[PDB]
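K.L.:
Each chain, letter by letter, is given below.
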Amino acid sequence: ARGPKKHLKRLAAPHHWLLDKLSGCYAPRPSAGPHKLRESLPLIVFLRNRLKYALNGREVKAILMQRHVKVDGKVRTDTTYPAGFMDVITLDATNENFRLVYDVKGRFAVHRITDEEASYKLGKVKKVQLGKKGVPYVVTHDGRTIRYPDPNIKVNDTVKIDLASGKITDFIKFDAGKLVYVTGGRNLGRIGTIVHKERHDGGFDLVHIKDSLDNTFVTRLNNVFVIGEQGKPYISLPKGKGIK
Amino acid sequence: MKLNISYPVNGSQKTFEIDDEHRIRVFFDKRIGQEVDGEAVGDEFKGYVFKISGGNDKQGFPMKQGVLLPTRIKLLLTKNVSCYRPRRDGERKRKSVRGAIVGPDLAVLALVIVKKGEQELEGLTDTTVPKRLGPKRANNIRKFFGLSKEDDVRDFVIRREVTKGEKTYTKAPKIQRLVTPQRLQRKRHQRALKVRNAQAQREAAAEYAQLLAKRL
Amino acid sequence: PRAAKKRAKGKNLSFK
Amino acid sequence: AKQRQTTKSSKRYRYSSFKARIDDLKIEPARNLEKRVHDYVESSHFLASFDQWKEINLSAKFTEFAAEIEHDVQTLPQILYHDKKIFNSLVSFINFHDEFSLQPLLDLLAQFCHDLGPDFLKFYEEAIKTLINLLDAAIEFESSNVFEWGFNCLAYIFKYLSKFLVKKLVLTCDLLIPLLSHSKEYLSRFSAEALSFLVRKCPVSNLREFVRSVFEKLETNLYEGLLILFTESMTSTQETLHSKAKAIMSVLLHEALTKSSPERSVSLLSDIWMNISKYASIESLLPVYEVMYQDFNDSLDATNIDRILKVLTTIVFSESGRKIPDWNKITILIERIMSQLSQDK
Amino acid sequence: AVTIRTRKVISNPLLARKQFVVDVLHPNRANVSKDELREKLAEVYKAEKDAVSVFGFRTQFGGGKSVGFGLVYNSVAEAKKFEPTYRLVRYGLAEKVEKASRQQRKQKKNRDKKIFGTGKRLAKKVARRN
RNA sequence: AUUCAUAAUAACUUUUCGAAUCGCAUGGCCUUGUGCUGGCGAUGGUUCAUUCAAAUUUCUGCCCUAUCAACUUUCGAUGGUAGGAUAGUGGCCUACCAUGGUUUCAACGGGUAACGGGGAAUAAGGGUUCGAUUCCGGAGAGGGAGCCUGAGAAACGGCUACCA
RNA sequence: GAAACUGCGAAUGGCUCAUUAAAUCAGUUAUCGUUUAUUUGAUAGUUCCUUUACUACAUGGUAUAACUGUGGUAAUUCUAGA
Ligand SMILES: [Mg+2]
Ligand SMILES: [Mg+2]
Ligand SMILES: [Mg+2]
Ligand SMILES: [Mg+2]
Ligand SMILES: [Mg+2]
Ligand SMILES: [Mg+2]
Ligand SMILES: [Mg+2]
Ligand SMILES: [Mg+2]
Ligand SMILES: [Mg+2]
Ligand SMILES: [Mg+2]
Ligand SMILES: [Mg+2]
Ligand SMILES: [Mg+2]
Ligand SMILES: [Mg+2]
Ligand SMILES: [Mg+2]
Ligand SMILES: [Mg+2]
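Residue numbers (the deposited numbering), protein chains in the order written: chain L4, 2 to 245; chain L6, 1 to 216; chain NV, 714 to 720, 724 to 732; chain SP, 2 to 220, 226 to 346, 353 to 357; chain LF, 4 to 133.
Hints in this document: simulated from the structure, not taken from any laboratory.
Note that beta-carbon positions come from the ideal geometry of N, C-alpha and C, so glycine has one too.
Don't take every hint at face value.
Said to hold, decoys possible - Under the rule of at most 30 Å between Cα atoms (straight-line distance), these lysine-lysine pairs were calculated in the DSBU-like manner:
#: 1; chain 1: NV; residue 1: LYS718; chain 2: LF; residue 2: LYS116
#: 2; chain 1: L4; residue 1: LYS37; chain 2: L4; residue 2: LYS22
#: 3; chain 1: SP; residue 1: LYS12; chain 2: LF; residue 2: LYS43
#: 4; chain 1: SP; residue 1: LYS169; chain 2: SP; residue 2: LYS218
#: 5; chain 1: LF; residue 1: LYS11; chain 2: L6; residue 2: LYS95
#: 6; chain 1: NV; residue 1: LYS732; chain 2: LF; residue 2: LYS117
To be verified - Computed list of chain SP residues with no C-beta within reach of chain LF, every gap over 12 Å:
#: 7; residue: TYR14
#: 8; residue: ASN33
#: 9; residue: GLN53
#: 10; residue: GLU56
#: 11; residue: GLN104
#: 12; residue: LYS168
#: 13; residue: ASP312
#: 14; residue: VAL322
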């Protein structure tokens, strides 16, 4: 092509969305945003094909511009806004709060949470660097730049972010024995505990994870997301607790 | 050939058809922006001075300034030029244009009356055309009426009366760049926001420093 | 922490 | 500001400012002709609306409210027996001022009064005080819907308690003086409509006591609130006046001309006359005109000459002479005044 | 006799309405008109007829039963606000807008883009020319 | 893994940026002044990160032909240095240098009714054939060449020349 | 609220397989080798420094369209002068 594409064929859309192949010819193309295209759920899909509150695109537009939907504690009006993993969606009129977490099948599951849980989210530390004026900052998996991080917070760690103000309440190191969640690959959506981080210079690191059933599997480090210490997750987990 | 004369000071303009070739003789070989004496053109123009502004040829192609030829040529015209209006942004078009040298191929020649002669032309100097619109910016209004700074432009806005049927009212422009309480509000709010941001950043830096001191 | 607990009924009319 | 949105765009959806909605809003529940759920009842008004609201509104507060009182609202005898607990719960949840739950709660409060009206009287004082705090709280967070819900609940209570409140109409206004005298114009405007319904339902005798009290009060924004109160009571439909309009003017006119009343009261009458005169046509004003002219002639005297002259000057100025049926009566009135004062007037 | 049955009822305060599936049992009858069904749903839900919408009704093979989808808005104004234009036209709540065929509109749009500006000056120019 | 991030010193610049923008609404202080202060939004703006993208790029894999055995290098072919150019690496181009680079493990040349793939058909299995054609990627807009605009085009339902 | 200026888009979509035999393409790598509108999150008090002889209660045409009016051409989404 000669420039960015603006259309997405239904057969080319991510499989986990569950879009009927015969319903139409095109699927919602996620706009630019915090999460990548393939790992995101546009709000139209969530409101129409998952919650069934809206019957087609147009009532979804109506709902959004009514400002009844809040993502990340902020009102969003773009139908194709790319909501993604660990994003908090609030519908105050219905008094409903959702956290986007994959099921064991690998599909974003409608997981209802309390307001107290909705007050905070988790972000994997993708980068830690000194910015201008010598101010350290951390970039999380959702593109949030948080300045003046705790200097122990390192790459691959996870930080608890307050939605209202966007500061780091607490953090978890990436160590053996911590509780992790798989965000990619065939093991997607599984929950377990670390056993070893196998390290390859100049190559992709590999992590061995043991589930509650004692089964062990290996996944690339990029697909691992720490969510707590064993037996004490910092977020409510979906039904099944990431087993199988 | 035809002369389209304009008296800009009046804003007036009129066309004179020409038959005798001698005034065209005095017209030949001249260029856009040069001046000619009306008395050579005719007694009716005795004492007048005409500046050549442009013209259109027998085929209707216009004259262009900057090209010193007596014949037509195809020029690649771009944005912000005479004789071309780009339909699309960045569009450049090759179009035929007549040269700036007056010749026998010119159908109509546009003239500007630089100076008035002895006799008064019936259609130009005798008649006047008012300005279509008045000042809209506040400073333009002040310049137009020479208003002092203390005096307000609000009372001196030019107003035009419109009568529809038996109903009648007046219309005025919306003054722009007008100093109003809202603009003061916005400026003050901007300054307050800047100072608040600075204070918040200082507090954040101090808190980070205290954290570092606690650990060390 | 525990997830939030889960939470219109059909109505019938006969005529003619 | 100068021009309202007189010409409507083809847009199906158009932005509306909070002030714009408030200006268009009018408190007149009788005017709304939509089907009301409580019109159909099997056990009680409260239960009928309560079941409906349980499904629609899903706010956290209302759900907690519904769970607490679900058992005690099944039958009307149950409601009457547990009336005290029901009212306390309603007031407590309304006090939270949660806009997502106000609409069902406020409606249920009105329907609560409907089911037990004479018994609600002991609850009347607290109910009004709660609404006043709600409306005062409503000013902070702008929501035209909240005001609409609140004042309609106030209007509904008056409708159900019309007979009792009318007997002590002065008492009802005494509760709502802060609303009628509030700094905001619309709050005074909305309340005045609510009271006016009680006013047009008032007997002439009980009306006379009421007008004297407010007339005494006039002796901040109370003047403006009363003007809206009376004028709305007069106006019923476009280019027409209410049937009881004549009685109210006769009562108002007598007290204004009475010397005990303050001079400010006559000004209020002058303002009242202007509003109705502009609003109404020739024909609907004729019964009003006749009762005024008759009373001026009857009550003419030295002590009240100046007041009569003031109101008469209001009549002649009002829309020039277009609304005046017959000028000859005014001329006759004038020469009686001159024969029987303030030169400037 | 005709039986009307509502199932899978979901409250949608986002659209301020009630969404549900309509089952119509109509023995010895071809089917029931959308109008009559709107009457009966309005009576059942204690809401205005104007606030009730019904569509997508299919008679099951062999007759005697129909299944479709139904909406009950909280009040009529919201229905006017949220309904599609065509359904409002079906219910008469809105008047059908009269427009030319797509080809005529497009041809007029082409003719309009050809002319630059108001065109009155072009009209007077052609008038004086001829 | 770094001349990384960042910071510091000295100068420099036809040299930038640091809100002369807009809607709704009228709250709070008083020394009572059209005094001071003040809310909810839109649109702009430096730098960083993220996202959508783009460009190059590491390794392995293509049908027939040896009656195509040597090819590339004069007019860049292989590599070194310096410069120009570009968003940027790089013989991409320029100046000076060396004589290099591929090949019977088929280079080079020729043919291809050659867009490639996910796939389709057949078959017991190995295999054989098809795949313009609902999805991804590449190229094109009668055939060459060159460009304005714009973040993004060598665009053609944009432009200029030449051929038909 | 026509028209016009301004901003954005028109570089997506749709069509076809001409050219192309390590080229495209599939899988797999790198950018510590570079551009990136838009989305999203952060991010900028520099007090002072001679002519203060001082606009910030807010600077200019160093300017024009639409528009008024005078015109050319057989003709075009042609346009000249004022
Ligand atoms: Mg790496
Ligand atoms: Mg433009
Ligand atoms: Mg180099
Ligand atoms: Mg060379
Ligand atoms: Mg071919
Ligand atoms: Mg193919
Ligand atoms: Mg192309
Ligand atoms: Mg062809
Ligand atoms: Mg081309
Ligand atoms: Mg195209
Ligand atoms: Mg070949
Ligand atoms: Mg290769
Ligand atoms: Mg954009
Ligand atoms: Mg930004
Ligand atoms: Mg001009």
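K.L.:
So, for every hint listed, does it hold in this structure?
P.N.:
Results of checking the hints against the structure:
no.: 1; hint: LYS718 (chain NV) with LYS116 (chain LF); verdict: 61 Å, violated
no.: 2; hint: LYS37 (chain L4) with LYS22 (chain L4); verdict: 23 Å, holds
no.: 3; hint: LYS12 (chain SP) with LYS43 (chain LF); verdict: 33 Å, violated
no.: 4; hint: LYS169 (chain SP) with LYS218 (chain SP); verdict: 16 Å, holds
no.: 5; hint: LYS11 (chain LF) with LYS95 (chain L6); verdict: 70 Å, violated
no.: 6; hint: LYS732 (chain NV) with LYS117 (chain LF); verdict: 63 Å, violated
no.: 7; hint: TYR14; verdict: 8 Å, violated
no.: 8; hint: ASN33; verdict: 10 Å, violated
no.: 9; hint: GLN53; verdict: 7 Å, violated
no.: 10; hint: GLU56; verdict: 5 Å, violated
no.: 11; hint: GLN104; verdict: 10 Å, violated
no.: 12; hint: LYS168; verdict: 34 Å, holds
no.: 13; hint: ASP312; verdict: 52 Å, holds
no.: 14; hint: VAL322; verdict: 45 Å, holds
Taken one by one, the earlier hints fail for this structure at numbers 1, 3, 5, 6, 7, 8, 9, 10, 11, listed in ascending order.
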